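Starting off, we have a lone chain in the form deposited in one PDB entry, written out as structure tokens.
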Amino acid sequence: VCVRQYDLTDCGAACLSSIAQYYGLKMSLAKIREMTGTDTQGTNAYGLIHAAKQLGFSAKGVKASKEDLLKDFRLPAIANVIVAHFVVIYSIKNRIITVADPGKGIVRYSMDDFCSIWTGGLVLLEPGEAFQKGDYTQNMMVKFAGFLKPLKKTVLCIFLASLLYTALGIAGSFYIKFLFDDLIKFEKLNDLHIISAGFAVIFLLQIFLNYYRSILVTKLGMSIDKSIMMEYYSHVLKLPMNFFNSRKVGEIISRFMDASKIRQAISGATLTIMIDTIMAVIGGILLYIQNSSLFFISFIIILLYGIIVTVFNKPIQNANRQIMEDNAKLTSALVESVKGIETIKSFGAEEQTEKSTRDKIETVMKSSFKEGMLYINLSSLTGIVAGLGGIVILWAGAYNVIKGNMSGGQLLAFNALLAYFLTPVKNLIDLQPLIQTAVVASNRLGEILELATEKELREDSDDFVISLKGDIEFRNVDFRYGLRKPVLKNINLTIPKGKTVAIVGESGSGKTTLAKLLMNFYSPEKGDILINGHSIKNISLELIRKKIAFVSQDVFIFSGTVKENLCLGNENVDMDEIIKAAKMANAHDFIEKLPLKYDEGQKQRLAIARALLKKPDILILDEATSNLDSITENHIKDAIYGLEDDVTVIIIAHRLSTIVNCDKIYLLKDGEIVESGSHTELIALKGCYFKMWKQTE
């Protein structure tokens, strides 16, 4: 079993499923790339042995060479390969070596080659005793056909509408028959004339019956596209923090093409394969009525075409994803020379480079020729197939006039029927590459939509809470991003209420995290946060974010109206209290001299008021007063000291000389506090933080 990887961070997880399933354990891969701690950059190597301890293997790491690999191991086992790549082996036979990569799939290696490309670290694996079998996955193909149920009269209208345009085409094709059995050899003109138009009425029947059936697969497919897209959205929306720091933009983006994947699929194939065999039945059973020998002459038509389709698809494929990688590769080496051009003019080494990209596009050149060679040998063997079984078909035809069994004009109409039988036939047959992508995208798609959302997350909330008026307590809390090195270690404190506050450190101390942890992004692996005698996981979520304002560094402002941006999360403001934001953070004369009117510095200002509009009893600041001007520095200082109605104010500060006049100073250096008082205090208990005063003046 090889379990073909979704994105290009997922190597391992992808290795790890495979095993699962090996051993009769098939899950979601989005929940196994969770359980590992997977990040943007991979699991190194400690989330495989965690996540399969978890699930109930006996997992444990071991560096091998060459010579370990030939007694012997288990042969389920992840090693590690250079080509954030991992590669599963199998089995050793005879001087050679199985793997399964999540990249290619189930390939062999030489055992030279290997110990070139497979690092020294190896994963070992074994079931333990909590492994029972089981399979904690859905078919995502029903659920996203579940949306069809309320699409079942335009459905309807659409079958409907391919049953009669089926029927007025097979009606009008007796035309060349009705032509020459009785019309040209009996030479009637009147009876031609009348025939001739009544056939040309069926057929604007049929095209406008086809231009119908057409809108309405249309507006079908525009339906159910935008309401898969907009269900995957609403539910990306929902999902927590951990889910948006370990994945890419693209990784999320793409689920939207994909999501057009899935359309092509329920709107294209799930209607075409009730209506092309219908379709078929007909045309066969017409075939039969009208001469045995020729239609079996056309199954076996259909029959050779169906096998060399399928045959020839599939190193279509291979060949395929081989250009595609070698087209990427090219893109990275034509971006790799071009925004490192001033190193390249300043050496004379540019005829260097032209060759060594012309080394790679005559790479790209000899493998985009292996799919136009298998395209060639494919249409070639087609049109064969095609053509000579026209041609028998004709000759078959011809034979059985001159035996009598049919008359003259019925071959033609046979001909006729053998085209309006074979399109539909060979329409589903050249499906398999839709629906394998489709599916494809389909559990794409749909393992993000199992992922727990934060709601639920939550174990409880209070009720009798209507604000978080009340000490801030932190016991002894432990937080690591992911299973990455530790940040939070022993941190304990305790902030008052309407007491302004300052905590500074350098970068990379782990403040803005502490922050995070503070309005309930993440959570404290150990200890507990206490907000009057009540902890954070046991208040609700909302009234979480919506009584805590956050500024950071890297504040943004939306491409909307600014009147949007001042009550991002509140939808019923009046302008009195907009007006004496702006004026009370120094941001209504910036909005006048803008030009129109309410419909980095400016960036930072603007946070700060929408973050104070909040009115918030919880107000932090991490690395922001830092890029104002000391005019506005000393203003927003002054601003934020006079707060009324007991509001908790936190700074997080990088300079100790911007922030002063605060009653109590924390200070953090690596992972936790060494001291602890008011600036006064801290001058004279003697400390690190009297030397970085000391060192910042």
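We call the rigid core the largest set of C-alpha positions that still match within 1.5 Å between the two forms. Numbering follows the first chain given and starts at 1. What changes on going to the form deposited in another entry:
- No residue in 522, 203, 399, 212 other than 399 shows a CA shift of 2 angstroms or more between these two forms after fitting the rigid core.
- A movement of the C-alpha atom of residue 458 falling short of 2 angstroms is seen between these two forms when the two forms are aligned on their rigid core.
- Taking 2 Å as the criterion, residue 351 counts as shifted between these two forms: its C-alpha moves by at least this amount when the rigid core is aligned.
- Once the rigid core is overlaid between these two forms, residue 682 counts among the residues whose Cα shifts by 2 Å or more.
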Contents of the next structure:
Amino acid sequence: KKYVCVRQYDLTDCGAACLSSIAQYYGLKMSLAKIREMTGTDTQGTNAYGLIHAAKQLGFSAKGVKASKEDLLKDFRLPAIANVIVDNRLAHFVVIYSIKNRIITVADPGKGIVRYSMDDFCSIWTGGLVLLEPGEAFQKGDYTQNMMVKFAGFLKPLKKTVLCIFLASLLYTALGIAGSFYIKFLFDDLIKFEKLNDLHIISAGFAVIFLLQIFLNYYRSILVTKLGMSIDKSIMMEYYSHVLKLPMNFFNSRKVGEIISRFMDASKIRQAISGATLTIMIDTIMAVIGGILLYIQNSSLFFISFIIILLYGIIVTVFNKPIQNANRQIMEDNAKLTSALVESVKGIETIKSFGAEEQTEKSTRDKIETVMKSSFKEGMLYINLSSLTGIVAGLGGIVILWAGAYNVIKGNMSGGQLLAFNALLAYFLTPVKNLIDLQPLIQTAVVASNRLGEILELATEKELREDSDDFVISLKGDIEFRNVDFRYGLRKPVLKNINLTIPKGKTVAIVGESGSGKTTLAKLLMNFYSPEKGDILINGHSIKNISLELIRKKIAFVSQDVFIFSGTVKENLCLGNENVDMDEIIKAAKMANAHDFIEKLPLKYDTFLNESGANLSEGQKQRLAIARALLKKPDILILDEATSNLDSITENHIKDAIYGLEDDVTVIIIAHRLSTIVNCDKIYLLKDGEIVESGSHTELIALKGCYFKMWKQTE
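Since the structure above is the form deposited in one PDB entry, I would like to see how the form deposited in another entry looks, so please show that one next.
FYI, this one's just the chain on its own, none of its partners or other molecules.
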């Protein structure tokens, strides 16, 4: 078959792109976002294990192997995925499509289909190799939707506005074509016969025609601008409204820039949903009319103009791909340069301390040299294209004048007819030029449409939920963790056999080393992600059977990396609750040591916090998040190291406030320092993805084990 090279949409889906390329080669085409989900792609890329798992899930019979140079000489199944080390810095995945004699053909998702010498490839190729092969169940499919047709459905509500633009454009074209004959009327009839009154009348008429043309252009431009803005708003709002409902495995498997950069894809789609269709509809008819009139004037000059436009189209089509390749290379070089500059400015402390101001300048100079070289290559491409186009256009114009003069001499036409032909050349050549120039626009728009609309196919969190029992209205009760496994994407498991029981209304504590997996437990309790095996039970009933809206309402979370949104203090403290009085916000502020703190701030509970509360320190944001947590009025309250960044008095006040919490409210505290929590009802110590000891402080100390050793070596 053809060598399918699925270009990567992002910087980290090279493995997903390679797997998609293999699947499309073998006849299966699906969304790249879906495959990126199956491969377990994270913000740090994809490993071979994820590729193997996704291929087996897709019906392939995959395996991994390490190979040497002699293995390439041996024969095996050609379409395999291989590791490369670009610039001996960055690992990457490519697809080896064929191994010809001492040359290698690889689809690299970042570049395209390229050829490498065997020695150079073996130099840049790591021994890792993934072999893919269709299995028993590999039903070929086309599980994708034409995203251009889907996004063209936003023109249906605005059909009246598109109709007015089309009529205005037709009238504009007709008026311009009619007005292009002024030069013919001047020389053939007025100047030759010395008609003055007719000259004045005809000139006034053509001026009126031009004024009408200008008014039509003004109206059409207004309508086109409105149409484009409406389509842009619709696309961006749909994308954002869908993104806000996606599960948490979507957000932590993607960088912030990756999610945000889809907003420019909306403009890129709109540029073809509105611009391209309108351009096609108007310019096809305009070019047909212009060509018919040009042939009416003279056949030979029309053929010359057709040859001119054919040459222009040939040149532009030939120069299409190199220009876009150069632009992509420039973009990558600029990204590298700006990353280096940001790293150097951010880490100026270390540079100054180690006297590295000289080698840093050299590295930045080298990167700027690379950027300048890429810019010069692209500029040379543009200069060559412009020179060829100018040669074609100018020589064609001179040839048209020459042939027209010959025809006038021979009596085949008149001078005024030749001048009118020169005038109508605009209305014939500009439409065809625009139709040719739509080619780069459509490809970019299609890429952007795929990028933006592959996300809109992803199932939201509320759609993936099971049947929800409506009789469950309270989360107050025991919290049981059965045999529960977990892993972030397709990495090494974080939790292995987390089995525990939380009595209702009892303060409970979880302690452990950094990166042990306590925050993972806390997020599992809140339907953020789901356990691989087992279930989480609250008052007998399973979590999955509890309504998602309810459980997120009756569970409060105080993470370590608290986020303060740009808004007033009253708005930050009441994030989802839109019907709250003022006294209970005051009360919740008192128990979190924030009431006096915020009162000392200017104004009242109305101060907008600039740049995500940058003026507040870490402790102030900790207090605000805790206050919001109580304000939520939960049945379960999880405090993940909320007292680590606070001072002694504030920590003591928070501890005595949460300990003496009214109602049978379950409290869970995740701590790294053991001395911070000693009077807790029960303490859970998990070391290697499993609780190894459970009991009170008097019980855990008495029983020799990991807890006793940790207490002795930390206190």
